[PDB]
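Only one chain is included here, represented as structure tokens and corresponding to the form solved without the named molecule.
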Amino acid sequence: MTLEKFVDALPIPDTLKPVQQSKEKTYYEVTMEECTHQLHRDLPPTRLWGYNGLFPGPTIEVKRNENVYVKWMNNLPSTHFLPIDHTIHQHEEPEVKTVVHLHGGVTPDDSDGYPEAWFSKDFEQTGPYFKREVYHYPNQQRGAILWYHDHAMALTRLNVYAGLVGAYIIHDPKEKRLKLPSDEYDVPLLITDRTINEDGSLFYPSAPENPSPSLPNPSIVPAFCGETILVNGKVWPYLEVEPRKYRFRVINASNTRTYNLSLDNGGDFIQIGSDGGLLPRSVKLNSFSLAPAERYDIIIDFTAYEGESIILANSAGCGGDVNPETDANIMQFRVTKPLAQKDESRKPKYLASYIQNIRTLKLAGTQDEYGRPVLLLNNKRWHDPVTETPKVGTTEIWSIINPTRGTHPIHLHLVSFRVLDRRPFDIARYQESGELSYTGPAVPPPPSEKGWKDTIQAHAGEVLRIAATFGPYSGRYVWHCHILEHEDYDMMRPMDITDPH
């Protein structure tokens, strides 16, 4: 028997309060705490690692150009409760390393959360790139859905699965005149798949299928597909909504899983924004794909559906087809709250208006000495000399070629980018020869991808082209696959945005 669906109200994480706020600076403190929270009516409390002891973390709301500082502290225990594989990466390091990355942040390099800028409990020990306790987020960027999460070297999949995710919204007051649904009718949805034991403890696997005798125990796995789906820290919740327009900030905070969402009454979503902010023009959607770290700013118009119960449904597989009783379900909207006031919100169609190098990038896997797949960007390891070195201020086109069997959601820190096109190629030939020979025309982005993206699905047997301008800041960043199981082994590379000064 699987946990009974739709019997816990969707929590709405509280908005973090500043420690200090003047007209020209905002200081926040966030402490990583081991904590316990009940993930379903019928479970005992689950041991979790959460920002301020909460899962998800507090929702952080800033205005565009708000000068924000965050002191992210580690008060976690010194050993992990999830299985650590020592083989993937005065010389014995602490087992628990944390660093916070603001995903989608236009962030100076020393506050971006470099994987090797980790710290242990109370900053007692720190990685090689550690420089500062208090991170600076000048927020000089378009309003959008951001999120924040752990990024420590070789531990990212574990620390995130343990609960260290939160939302961060940048409000651009020049967008207020669109009258998009707001306040109580603006709601974040952080989607996390989890596998939960009978006693409420989290399960994370300590070995993959691969039965080979040489396998380190524990071993990293190439993918994690959870049995149960959570939204805002509750398993298959319901939200009571009013019969009107709502805004939802949908964030995929899962380790590996891709969702493909729809509404079981047949209703439509209106996509208004992507990772990088508002789309140039809205889009009526009946379904959409959402890979790890992707965000979809959307409206749902519950006006025509008073009294109905509507399932937010999932059709994407993860390690097999979806099971209709379990991972085919996300959550349930109940249109049964009395309209508290007239629906003065709007759903405009029109929302906004917007080549020094080419770089070719290969996504491929090799095999380690134990027979495990190691996933790699351009056949380089994390610790190899940096090769992606655009000059600050310059625009490049990245051609990302994927001959592997699966989609990889590729994310670049600091920037958002334009999607140019995707084009299919003959893997067979490309494999055998190195020859990039196409099989059909180039496909331009749908409307969903006509704005700005920071995390982008590079599909099997396609070459993906995107255009990024590498600024405004310079320095040491990263880019990587955002399936955390891939990132940690070893599909992540440093990215130097070079500065003549």
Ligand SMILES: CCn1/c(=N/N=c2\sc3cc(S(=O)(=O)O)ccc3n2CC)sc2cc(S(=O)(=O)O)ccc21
Second form
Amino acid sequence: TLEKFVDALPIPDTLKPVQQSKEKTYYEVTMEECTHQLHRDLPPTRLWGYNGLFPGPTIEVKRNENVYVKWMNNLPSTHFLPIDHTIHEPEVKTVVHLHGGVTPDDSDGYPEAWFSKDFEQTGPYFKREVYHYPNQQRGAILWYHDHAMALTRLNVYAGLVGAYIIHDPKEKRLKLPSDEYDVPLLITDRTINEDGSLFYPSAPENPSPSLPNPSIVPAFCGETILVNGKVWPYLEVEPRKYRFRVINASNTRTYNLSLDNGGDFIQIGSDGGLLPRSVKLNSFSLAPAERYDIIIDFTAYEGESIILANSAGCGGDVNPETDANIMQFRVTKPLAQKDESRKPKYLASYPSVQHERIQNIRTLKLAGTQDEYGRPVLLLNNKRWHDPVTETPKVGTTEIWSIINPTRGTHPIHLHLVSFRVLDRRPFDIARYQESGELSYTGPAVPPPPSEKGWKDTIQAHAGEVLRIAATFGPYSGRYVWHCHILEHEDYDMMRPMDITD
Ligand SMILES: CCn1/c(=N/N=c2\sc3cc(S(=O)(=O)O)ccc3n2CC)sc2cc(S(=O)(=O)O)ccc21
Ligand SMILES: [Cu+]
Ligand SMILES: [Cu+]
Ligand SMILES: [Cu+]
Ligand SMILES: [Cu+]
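Moving from the form solved without the named molecule, what structure would you give for the form solved in complex with the named molecule?
Let's see the whole complex now, leading with the same chain.
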């Protein structure tokens, strides 16, 4: 296996606009098949990249900056990863979703607003080529990726991901580490063949001969961990405070991260922006699509090599030699200047300041059935994607969603458009729920830890629990989605439409 910590961490370039004025910023991003070396000892890997880059370029905006991005498909007409034709027209369909984006519906990248090369064919919900992001939201770490119906796991695995950072200039005063000392970390697990080509499985192992070929799989666990498009890389840092925007851009894998010298992370931010108060943590779980905005203070570790480690298994216990490792920091870079950054305690106003009336309470179950080939089909509330819409909140109103998970594992549940608050989690009797539908608690409600006291948009719903969240649906109305962000689940078929009505 590949030797750890021999390639420098790439820092993706910030995308430059094609046109910019005070009224409007316009970008163009083209999806391209490209080859890049993922490790010193591999031949170049054929990938699909935004502007031919993996990850895609980092886009940086200000709060309320009036942004447009023409996302274009210039990919080949055939995929290179295995497509299962029985879970759902051109073969290659793409659509770009800005995850976390407070976005009008027709710029949100609905799964059925896909487009093939040069927009030759378009899905039935396509309206526009040039997406509009008015960015009328809290400063935060967002990220962009493909969201095409029934291909999301493949197109994302192929390399279609990037970071998108919204900067609110009212946050400048906190003096958090900035510029060179503010670094995104997009984490993606991959399996890589000897010839350097990506491996994505064609079928579960020990395929029942009942199975079609290719067959979707319910979960994907990569052998190797990349950050910013390199296998187990190293970052030289100066002995001072750094901010990192940590984004789990992996298909299935959840990470549980720590520093091997026992140092602390200082979490300043969640999916939806700055927490009200910074939190000192030794470790943290980060499931697909969650983001953690953290300060790491390398001040006291000059000269040290410090591994960002991982304790969470994927399909097994972590292997100390492989997936127990993420990346390595080397505190050997000389100070370019005095560390004037800060790690304040007092970051933002609490979400609990808000007093909204509860218009409605939805009860949603995570469940599934079995198809004609014997495979698990994962379903939100026992509905298929294609069934008539049932989650129909009214614009401007607040709902509590109770999410009941009687399955064996966690699902990271994600709602488009909004960020939301975490109210609490509560264990329940699974066997009883499965036998009779009746909901009996085995213990009291647990409120969120401080990490979850701010704004979230992707939230881990653990097994044998009920999770309650509270969201205000707005400011736009329209047609959006909600889904498990395990892409293998999402595509079959753990994704529903969500209509925010007027
Ligand atoms: C429940 C969702 N889910 C999986 N489902 N797939 C299943 S469950 C299952 C049971 C049987 S049985 O009934 O014959 O026993 C046969 C086939 C099955 N398959 C098909 C292969 S695999 C998975 C891994 C992780 S992890 O990777 O994050 O640890 C997380 C969540 C996951
Ligand atoms: Cu996403
Ligand atoms: Cu999203
Ligand atoms: Cu799931
Ligand atoms: Cu989504």
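Numbering follows the first chain given and starts at 1. Residues that one form lacks are left out of the comparison. Superpose the two forms; the largest set of C-alphas matching within 1.5 Å is the rigid core.
Shift analysis on the rigid core between the two forms singles out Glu209 from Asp183, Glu344, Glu369, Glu209 (C-alpha displacement of 2 Å or more).
Relative to the superposed core, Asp421 moves its CA by 0.2 Å between the two forms.
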